[PDB]
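Next up is one chain by itself, shown in structure tokens, the form solved without the ligand.
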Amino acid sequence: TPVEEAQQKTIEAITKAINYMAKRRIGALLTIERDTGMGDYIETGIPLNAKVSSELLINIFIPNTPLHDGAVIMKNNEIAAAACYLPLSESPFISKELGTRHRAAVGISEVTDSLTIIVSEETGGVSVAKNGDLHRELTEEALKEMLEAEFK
């Protein structure tokens, strides 16, 4: 359908951006709203309401730029805002090997049904936070499967 094709385009854009950032070890934090509304978190960031593209996602997260710290939040197949605040998890089961981006991703995942992707600035490793759990060191195939499961 037109909307199934739009979803696949968004998945491709996300995975291309994530792959680029993983290769360069560019830290990134990208939350995808699901059924739990995240307007309160969107409002803490810089409003964009932009078309998704791999290029825009990459440009947002470039180190030492205005938009690179904080989360991108996507809603209805658009980038709602960048540089957003997310609540830090207080879970005692998050390794101290991991950074603030990962604790923020886990945190938002504890209070929403959203899917958050994280790229580590230390290793380029890619992880996903969902339902309070953090899935580490994801392959490209695994990330794609998660996104397809989430967008279905």
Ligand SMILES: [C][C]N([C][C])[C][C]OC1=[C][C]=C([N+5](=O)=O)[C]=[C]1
The other form holds:
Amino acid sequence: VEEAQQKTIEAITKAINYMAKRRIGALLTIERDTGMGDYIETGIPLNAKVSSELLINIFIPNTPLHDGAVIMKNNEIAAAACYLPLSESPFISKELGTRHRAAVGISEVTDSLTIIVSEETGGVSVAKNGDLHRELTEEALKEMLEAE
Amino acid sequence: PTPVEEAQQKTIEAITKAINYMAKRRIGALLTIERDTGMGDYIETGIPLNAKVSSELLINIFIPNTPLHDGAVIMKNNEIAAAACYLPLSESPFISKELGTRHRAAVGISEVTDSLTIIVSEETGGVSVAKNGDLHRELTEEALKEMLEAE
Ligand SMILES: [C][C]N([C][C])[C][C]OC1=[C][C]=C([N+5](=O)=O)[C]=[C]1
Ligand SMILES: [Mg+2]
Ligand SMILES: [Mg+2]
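Same protein, different condition: the form solved without the ligand was shown, now please give the form solved in complex with the ligand.
Below is the entire complex, every chain and molecule, led by the chain shown above.
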């Protein structure tokens, strides 16, 4: 179980690094104790093994799966192109767009952890508990995933 | 129809929609459908997906210049087993000389299995199928769907 969790963290951070460097927008939500089946059902079902390659291919711009969220559950990619609720929080930086508001929005009604890559800057952020943690390095994201 | 038959129809619809989209856009593709001869040895050379089929995922896999696009997708029933898989290259002299590695790999796997492989040419957008060592070129959408339904 521990080896599997580490393999999944490595797959995620490799995909995030690829997308950050190319400023490919991405939205990846990891289900925790709050069930997210209602959101999973809005997307395209995958129930796929995690790999950095599949995560990258999903988010390539102008492709069927790239808009909306990937939702991971039980160490698999449950679905892609999923709807998440947009936060109305007035405390999100006004320079950020829909992916960030969707990530904060799901984080207000679940215990999930969501990773966002900005298409404008390639900056990486995480939404949890209604807050957005901006300006993350790879080491910082890894620390969050291991804590989670 | 039974659930198995309905699932088969959904899988055929997903495949044909994806192939049609890729053909129109000259997106090269190589898609092998396992039949009664097991293809585990080739599946194991790729990136494991074990994913539910959708036209959307098939398209996303083959987008040029992406991690998953080079090599074969291998399907088992209603699942995409793996992407970026190796297939053996045919040496058949009945492969049109202008065709490249995707068509030769398709004919190659068809010589050692009963699988059906679909190819989209990145040069012309033409759609072909390899089966039992033969390549059938320039298929219409209707002809592909009928071949899949018969398979
Ligand atoms: C200057 C920073 N920009 C270009 C390098 C984007 C940030 O670069 C990364 C941030 C986070 C991860 N990470 O969380 O894995 C990977 C790359
Ligand atoms: Mg876009
Ligand atoms: Mg002809």
